[PDB]
Amino acid sequence: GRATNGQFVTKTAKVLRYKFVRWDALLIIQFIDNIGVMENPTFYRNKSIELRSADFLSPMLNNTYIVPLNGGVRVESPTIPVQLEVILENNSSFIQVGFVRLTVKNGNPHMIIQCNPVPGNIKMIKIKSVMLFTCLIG
Amino acid sequence: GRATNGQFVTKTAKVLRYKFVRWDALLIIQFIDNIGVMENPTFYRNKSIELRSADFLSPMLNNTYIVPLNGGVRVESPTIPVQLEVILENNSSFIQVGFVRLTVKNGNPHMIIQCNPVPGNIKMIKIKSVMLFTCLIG
Amino acid sequence: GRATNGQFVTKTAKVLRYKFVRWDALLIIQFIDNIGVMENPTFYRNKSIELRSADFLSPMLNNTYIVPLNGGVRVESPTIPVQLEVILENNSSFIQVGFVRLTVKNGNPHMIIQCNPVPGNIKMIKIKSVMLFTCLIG
Ligand SMILES: CC(=O)N[C@H]1[C@H]([C@H](O)[C@H](O)CO)O[C@@](O)(C(=O)O)C[C@@H]1O
Ligand SMILES: CC(=O)N[C@H]1[C@H]([C@H](O)[C@H](O)CO)O[C@@](O)(C(=O)O)C[C@@H]1O
Ligand SMILES: CC(=O)N[C@H]1[C@H]([C@H](O)[C@H](O)CO)O[C@@](O)(C(=O)O)C[C@@H]1O
Numbered sequence: 116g117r118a119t120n121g122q123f124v125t126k127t128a129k130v131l132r133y134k135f136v137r138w139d140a141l142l143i144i145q146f147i148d149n150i151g152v153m154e155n156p157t158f159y160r161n162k163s164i165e166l167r168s169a170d171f172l173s174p175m176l177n178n179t180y181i182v183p184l185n186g187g188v189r190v191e192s193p194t195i196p197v198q199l200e201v202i203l204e205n206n207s208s209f210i211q212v213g214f215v216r217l218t219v220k221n222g223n224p225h226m227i228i229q230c231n232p233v234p235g236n237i238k239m240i241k242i243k244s245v246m247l248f249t250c251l252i253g
Numbered sequence: 116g117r118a119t120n121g122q123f124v125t126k127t128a129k130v131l132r133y134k135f136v137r138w139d140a141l142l143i144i145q146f147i148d149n150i151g152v153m154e155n156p157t158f159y160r161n162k163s164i165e166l167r168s169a170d171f172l173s174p175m176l177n178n179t180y181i182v183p184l185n186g187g188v189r190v191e192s193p194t195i196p197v198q199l200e201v202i203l204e205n206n207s208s209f210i211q212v213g214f215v216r217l218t219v220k221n222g223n224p225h226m227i228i229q230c231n232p233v234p235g236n237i238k239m240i241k242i243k244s245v246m247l248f249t250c251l252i253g
Numbered sequence: 116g117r118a119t120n121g122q123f124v125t126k127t128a129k130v131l132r133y134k135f136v137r138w139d140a141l142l143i144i145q146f147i148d149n150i151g152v153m154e155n156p157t158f159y160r161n162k163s164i165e166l167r168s169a170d171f172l173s174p175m176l177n178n179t180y181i182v183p184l185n186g187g188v189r190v191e192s193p194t195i196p197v198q199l200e201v202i203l204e205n206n207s208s209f210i211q212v213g214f215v216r217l218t219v220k221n222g223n224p225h226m227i228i229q230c231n232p233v234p235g236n237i238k239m240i241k242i243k244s245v246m247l248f249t250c251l252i253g
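These protein sequence lines are chains A, B and C, in that order. The first sequence begins at 116 in my numbering and counts up by one. The second sequence begins at 116 in my numbering and counts up by one. The third sequence begins at 116 in my numbering and counts up by one.
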């Protein structure tokens, strides 16, 4: 078909926009808030999906940050690796290969973001990558 | 169509289950043994596909671990990055971004797992990621 | 449908071959110059897409290497992580998880390759991964 619009919404009401295509057993979904642009002929600007502490569940264990979501779609996605910047409370930051999924618990979608140990508590995780999940249904 | 079930089997007879969708030139395949769950409202549990030494070919060169497989499907997949835990024989372990493919040699499928140098011989590689390959046929 | 052939071409006229499948809103595209082979029953050979300095725009900022392309297709792809080897001018080299995209500026396709800091100027980036992008159109 053609690409349908949609979004999820976080605890703090941040809106995660996306375009999808549901085919037979197949759901493909791209998050569209941070598509990066060449601003001019020589510079590439990454954009971020900024997720703060208050969008994650507490406690956090095993550098696993869970983002309970609302609305949107209910998928058990594969895992995709992405570019993360992780901001510590002291404003230190660390660029990492993070690993994201969509999963469902109690019929609610959640984003699973896993990354590496950091020397502090995290203030914010920025996702600098354009994310697309190809999911299988049923 | 709807998602068909399938599996590969290793030298040591470990069974690698998967769901797929074959469309025209297109084969999409997700491994389903290690789909991770929120066990309760706050904890996310990763599962592993555990591959021991005896599932790989010898000799091993360039931190490339080849897993000759049986049955299943014959695809030259793209490369997907995943979360690996690599267990050394002294039970030390290292978390890495590993890179997997499906390829075919002498009409047999093989899994290609590449990762980083470690200070020892490897006892086991665990794949903590949900793997899905989108492959092109012909 | 069945997988169509195609290519892009760089500033220095290097040819980037690929196979694709355009469905309704969906373009899937695999680069085919570096599909890796088991050369014999025990050895896996990676191949590279070798990109030299003269294929990138200048100046380079934020370890972001832009490869302006010609012909081929015009897609705003998601970001895919890949295996990079980065060769310095002193022939030192660094293996990295790099992150690639296809994007369009002034109606021209460009490849966006991002990677980590290195202690020197880069002579060449080799992409050791088989790249496939699943893109959404419109
Ligand atoms: C990945 C996965 O299987 N998720 C499932 C979870 C967990 O499996 C439970 O913890 C097992 O009881 O269970 C559900 O029934 C749920 O609560 O929404 C369906 C959901 O898709
Ligand atoms: C990635 C790839 O091309 N794999 C192919 C290999 C190698 O190319 C050979 O080493 C070249 O002789 O060859 C086959 O004929 C084979 O033995 O199964 C088909 C297989 O798909
Ligand atoms: C990712 C993205 O949006 N790229 C678009 C760019 C930039 O957005 C411009 O810098 C905004 O003016 O604009 C176009 O009009 C262009 O020049 O080709 C279309 C292109 O797809």
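Honestly, the hints are just simulated from the structure, not real lab data. Be a bit skeptical, because a hint or two may be false.
Which copy is meant is left open, because identical chains are indistinguishable; a pair holds if it fits in one copy or across any two.
Claimed, not checked - Here are the simulated BS3-like pairs of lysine-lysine, each with C-alpha atoms no more than 30 Å apart in a straight line:
#1 220 x 134
#2 238 x 126
#3 243 x 220
#4 243 x 126
#5 238 x 129
#6 243 x 162
#7 243 x 134
#8 238 x 162
#9 134 x 241
#10 134 x 238
Outcome of the hint check:
In this homomeric assembly, residue 220 and residue 134 come within 30 Å of each other (Cα to Cα) both inside a single copy, at 23 Å, and across copies, at 21 Å. Taking the shortest Cα distances, residue 238 and residue 126 sit within 30 Å of each other inside one copy (16 Å), while across copies they are farther apart (42 Å). Taking the shortest alpha-carbon separations for residue 243 and residue 220, both the intra-copy value of 26 Å and the inter-copy value of 19 Å come in at or below 30 Å. In this homomeric assembly, residue 243 and residue 126 come within 30 Å of each other (Cα to Cα) both inside a single copy, at 21 Å, and across copies, at 27 Å.
In this assembly of identical chains, the alpha carbons of residue 238 and residue 129 lie at most 30 Å apart only when taken from the same copy (16 Å versus 42 Å across copies). In the homo-oligomer, the alpha carbons of residue 243 and residue 162 lie at most 30 Å apart both inside one protomer (6 Å) and across protomers (26 Å), since each shortest distance falls under that limit. In this homomeric assembly, residue 243 and residue 134 come within 30 Å of each other (Cα to Cα) both inside a single copy, at 18 Å, and across copies, at 28 Å. Proximity of residue 238 to residue 162 under the C-alpha cut-off of 30 Å is found in both arrangements, the shortest distances being 18 Å within a copy and 28 Å between copies.
In this homomeric assembly, residue 134 and residue 241 come within 30 Å of each other (Cα to Cα) only inside a single copy, at 20 Å, whereas the closest approach across copies is 32 Å. Taking the closest pair of Cα atoms, residue 134 and residue 238 come within 30 Å of each other only inside a single copy of the chain (28 Å); across copies the shortest separation is 38 Å, beyond that limit.
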